[PDB]
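The chain that follows stands alone, in the form deposited in one PDB entry, written as structure tokens.
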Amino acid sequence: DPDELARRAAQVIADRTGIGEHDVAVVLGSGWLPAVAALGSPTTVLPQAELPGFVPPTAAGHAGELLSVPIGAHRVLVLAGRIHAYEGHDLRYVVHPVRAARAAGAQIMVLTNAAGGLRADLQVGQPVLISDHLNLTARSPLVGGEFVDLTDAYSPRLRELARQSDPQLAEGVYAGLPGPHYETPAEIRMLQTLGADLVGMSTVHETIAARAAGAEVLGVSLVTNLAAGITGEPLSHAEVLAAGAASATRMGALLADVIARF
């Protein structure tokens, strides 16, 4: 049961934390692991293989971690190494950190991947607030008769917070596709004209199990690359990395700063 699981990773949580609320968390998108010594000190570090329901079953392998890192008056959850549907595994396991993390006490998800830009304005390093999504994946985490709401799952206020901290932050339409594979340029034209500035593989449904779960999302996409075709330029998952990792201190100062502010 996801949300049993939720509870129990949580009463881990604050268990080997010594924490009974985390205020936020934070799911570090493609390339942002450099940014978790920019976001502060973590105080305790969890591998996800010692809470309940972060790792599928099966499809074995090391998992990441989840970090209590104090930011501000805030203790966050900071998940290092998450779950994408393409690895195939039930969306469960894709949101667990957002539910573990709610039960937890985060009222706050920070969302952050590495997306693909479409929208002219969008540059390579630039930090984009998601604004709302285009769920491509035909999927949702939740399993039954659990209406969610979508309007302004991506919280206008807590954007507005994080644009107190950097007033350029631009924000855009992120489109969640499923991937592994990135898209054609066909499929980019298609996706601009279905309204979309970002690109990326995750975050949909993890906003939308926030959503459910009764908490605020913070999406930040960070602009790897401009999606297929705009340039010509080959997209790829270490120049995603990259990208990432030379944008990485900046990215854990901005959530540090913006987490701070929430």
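Positions refer to the first chain, counted from 1. Under this definition, the rigid core comprises the largest set of C-alpha atoms superposing within 1.5 Å between the forms. First, how it differs from the form deposited in another entry.
- Relative to the superposed rigid core, the position of the CA of residue 241 differs between these two forms by 2 Å or more.
- Once both forms are overlaid on the rigid core, the distance between the two CA positions of residue 232 between these two forms is 2 angstroms or more.
Having seen the form deposited in one PDB entry, could you now give me the structure of the form deposited in another entry?
FYI, this one's just the chain on its own, none of its partners or other molecules.
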């Protein structure tokens, strides 16, 4: 039962942070990890591996951390380092952070990710709010039949608050694929025809579990490269890494400023 496990995690977080409950959670994906320090200095820093349900028993190594950071008047749970579906782990582990945070009282989830840009106006290094998504993984983190509507899965209200911080923020449709491989140029032309503006390898399941758990969602992509076949040249791993490293401080500041308005 994912619910009872998130419940236990929430209890551990409360006792380890001294904070009765948190209000917001932020998931830092690829291209957003170096922006952690910019969100604010943490009051508590604890390894995900020491928290119930975060890391699967078999496969291991060293998970990220879970930070408790005060931002504005909020107590924010910051997840630095997520476990991906491409490793083969059940999706309950992928969405556990969201479920635990909700159990911890978090009602807003800020989900970030690295993404390839498909719409012509999007540039490398540009953060883009997610207006909607295309779940192209043929999976779901939900088991059983509860009713879960995904209309406005990415709260228009929260996107409006984000624009108070930066009125020029672009908005677009994110396509979530299984990965880990990047797409062929043919696949990118396909995604374009399907209405995708951004392409990535995460986030969709977290959004679904979030909405199912009663939380609002703000998604933010960092365009780390133009999608395959667009430039006429192969992708550059170096560029993808630099996109995240360079905008680190700027991205951390933006998120803190936005979250403060929540």
